[PDB]
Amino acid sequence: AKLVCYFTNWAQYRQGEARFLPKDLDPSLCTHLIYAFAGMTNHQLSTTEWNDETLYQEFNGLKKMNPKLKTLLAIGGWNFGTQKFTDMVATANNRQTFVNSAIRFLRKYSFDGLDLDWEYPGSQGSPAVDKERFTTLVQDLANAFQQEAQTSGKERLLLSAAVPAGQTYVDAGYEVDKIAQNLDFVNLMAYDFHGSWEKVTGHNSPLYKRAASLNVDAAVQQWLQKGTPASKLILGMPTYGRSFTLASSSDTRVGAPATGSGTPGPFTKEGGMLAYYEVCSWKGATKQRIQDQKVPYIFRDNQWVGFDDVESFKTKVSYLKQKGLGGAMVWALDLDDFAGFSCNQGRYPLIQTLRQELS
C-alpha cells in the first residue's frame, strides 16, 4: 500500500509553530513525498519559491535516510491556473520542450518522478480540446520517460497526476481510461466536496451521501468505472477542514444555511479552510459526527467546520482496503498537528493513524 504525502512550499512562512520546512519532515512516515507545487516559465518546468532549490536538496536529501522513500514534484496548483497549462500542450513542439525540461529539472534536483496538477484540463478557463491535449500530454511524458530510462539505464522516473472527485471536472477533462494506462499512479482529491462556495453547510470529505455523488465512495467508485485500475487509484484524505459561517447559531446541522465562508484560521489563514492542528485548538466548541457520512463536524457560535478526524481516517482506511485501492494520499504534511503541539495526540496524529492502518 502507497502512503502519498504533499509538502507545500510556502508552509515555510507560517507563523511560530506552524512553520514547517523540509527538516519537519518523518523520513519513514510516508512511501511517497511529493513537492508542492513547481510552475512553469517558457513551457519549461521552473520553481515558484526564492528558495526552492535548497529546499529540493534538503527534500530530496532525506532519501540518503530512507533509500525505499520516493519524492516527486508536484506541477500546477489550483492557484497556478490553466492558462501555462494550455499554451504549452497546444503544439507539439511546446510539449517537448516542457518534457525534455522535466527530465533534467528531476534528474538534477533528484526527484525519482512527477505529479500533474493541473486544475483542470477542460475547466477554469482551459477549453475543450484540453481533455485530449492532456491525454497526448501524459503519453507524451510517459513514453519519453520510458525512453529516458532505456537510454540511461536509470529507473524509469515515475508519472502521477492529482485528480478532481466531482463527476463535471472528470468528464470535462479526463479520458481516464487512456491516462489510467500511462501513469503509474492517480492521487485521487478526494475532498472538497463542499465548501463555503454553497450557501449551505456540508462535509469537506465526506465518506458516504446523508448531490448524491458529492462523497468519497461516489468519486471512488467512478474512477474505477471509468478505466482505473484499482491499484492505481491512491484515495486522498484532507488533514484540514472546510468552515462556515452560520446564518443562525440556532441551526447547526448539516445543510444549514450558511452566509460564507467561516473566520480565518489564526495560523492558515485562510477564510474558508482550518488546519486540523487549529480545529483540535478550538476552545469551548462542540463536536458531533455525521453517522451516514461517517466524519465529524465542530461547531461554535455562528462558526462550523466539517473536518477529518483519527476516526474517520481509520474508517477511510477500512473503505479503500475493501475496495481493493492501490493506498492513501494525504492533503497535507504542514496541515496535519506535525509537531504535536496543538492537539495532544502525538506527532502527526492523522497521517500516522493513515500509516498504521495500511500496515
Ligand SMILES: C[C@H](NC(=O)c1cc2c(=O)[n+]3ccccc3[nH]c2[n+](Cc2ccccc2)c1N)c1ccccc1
Second form
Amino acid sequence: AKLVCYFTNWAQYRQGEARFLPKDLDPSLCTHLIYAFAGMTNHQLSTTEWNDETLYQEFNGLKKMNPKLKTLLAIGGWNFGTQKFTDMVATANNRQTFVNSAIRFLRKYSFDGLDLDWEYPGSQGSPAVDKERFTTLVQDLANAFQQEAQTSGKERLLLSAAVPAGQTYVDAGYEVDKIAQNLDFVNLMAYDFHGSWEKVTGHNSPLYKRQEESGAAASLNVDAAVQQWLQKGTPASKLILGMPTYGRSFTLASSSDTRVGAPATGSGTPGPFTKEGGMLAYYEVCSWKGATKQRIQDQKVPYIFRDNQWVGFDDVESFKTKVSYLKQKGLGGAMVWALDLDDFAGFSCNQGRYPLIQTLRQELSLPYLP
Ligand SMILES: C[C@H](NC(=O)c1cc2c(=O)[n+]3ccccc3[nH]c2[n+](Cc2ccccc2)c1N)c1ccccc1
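For comparison with the form deposited without this ligand, please write out the form solved in complex with this ligand.
Entire complex below, previous chain first.
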C-alpha cells in the first residue's frame, strides 16, 4: 500500500506553532512525499518560492534517512490556473520543451518523479481540445521517462496525477482509461465536494451520499468518486484515495439552523493560523472552545459549529472508516492533503504528532522502516 503525502511550500509563512519548515518532516511517516508546487516559465518547469532550492535539498535529503522514501514534484494547483498548461500542450514543440525541462529539473534536484496537478483540462477556462491534449501530454511524459531510464540506466522517473472527483470535471478533461495506463498512480482528490461556493452547508469529504440527496448531488461523495474512476478504467491498484486534514467552513444564515444543508451566507471566518476564509486546518477545529461537534450518520464524517460558524471536517474516526473502505475496494493506498494541516507539531489536539496521518499509516499497516 502507498501513503502519499503533500508538502506545501507556503506553510513556511504561517505564524507561531503552525509554521511548517524542514525539521517538521518525518522521513518514515509516508511512502511518497509530493512537493507542492512547481510552476512554469516559457513552457519549462520552474520554482515558485524564493527558497525552493533550499527546501528541495531538505526535502530530498530525507531519503538519506529513509532510502526507500520516494519524492515527487507537483506542478500546478488550483491557484495556478490553466492558461500556462493550455499554451504548453497546444503544440508538439511546446510539449517537448516542457518534457525535456522536467526531466532535467527533476534529476538536477533529486526528485523521483512528477505529479501533474493541472486544475483542470477542459475546465477553469481551459478549452475542450485540452482533454485530448492532456492525454497526449501524459503519454509524452511517460514515454520520455521510459526512454531516459534506458539511456541513463537509472531508475525510471515516476509519473502521477492529481485528479478531480466531480463528474463535470472528469468528463470535461480526462480520458480515464487512456491516462490510467501511462500513470504510475492516480491521486484522487476526494475532497472539496462541498464548500462556501454553495448556498447551503455541505461536508468537505463525505464518504457516502445522504438519503435526502438526488440527481448529480448524490454522486458528490467519496464512494461515488472511487466507483467513477474505477468504472471508467482505473486499475484499483493505481487508484490512491485522497484524504483531507482540513475542513470547509461556512457562515450560517442563522445560528438557529445548523443542519447539513442549512442556508449559508458565505465562507466561514478565517482561521487564526491558516487565514483563508472557507477552510480550516484540523488543528483549528479539534480544540475549538465552545463549539458543538456532530456527526452525519449517512456520510460517516463529523461537523462542528459555534454561533454562526459551521465546519465539516475529518477526524481520527472518519479516517479509520475511510481506510477500511479503501481496503474493501482493493485500492492502492491513501493520499493526504496536507502535512501542514494535520496537527504536525502536536500543539492543539492533544493526540500527539500527526494524529490523522499516523492513523492512516497504522490502518494501512505500513511497514516500520528504520
Ligand atoms: C487543494 C484544496 N482546494 C483548493 O485550493 C480550492 C478548491 C476549490 C474547489 O474544489 N472548488 C470546487 C467547485 C467550485 C469552487 C471551488 N473552489 C475551490 N477553491 C477556491 C475557493 C472558492 C471559494 C471558497 C473556497 C475556496 C480552492 N481554493 C486546498 C488547498 C489549500 C488548503 C486547503 C485545501
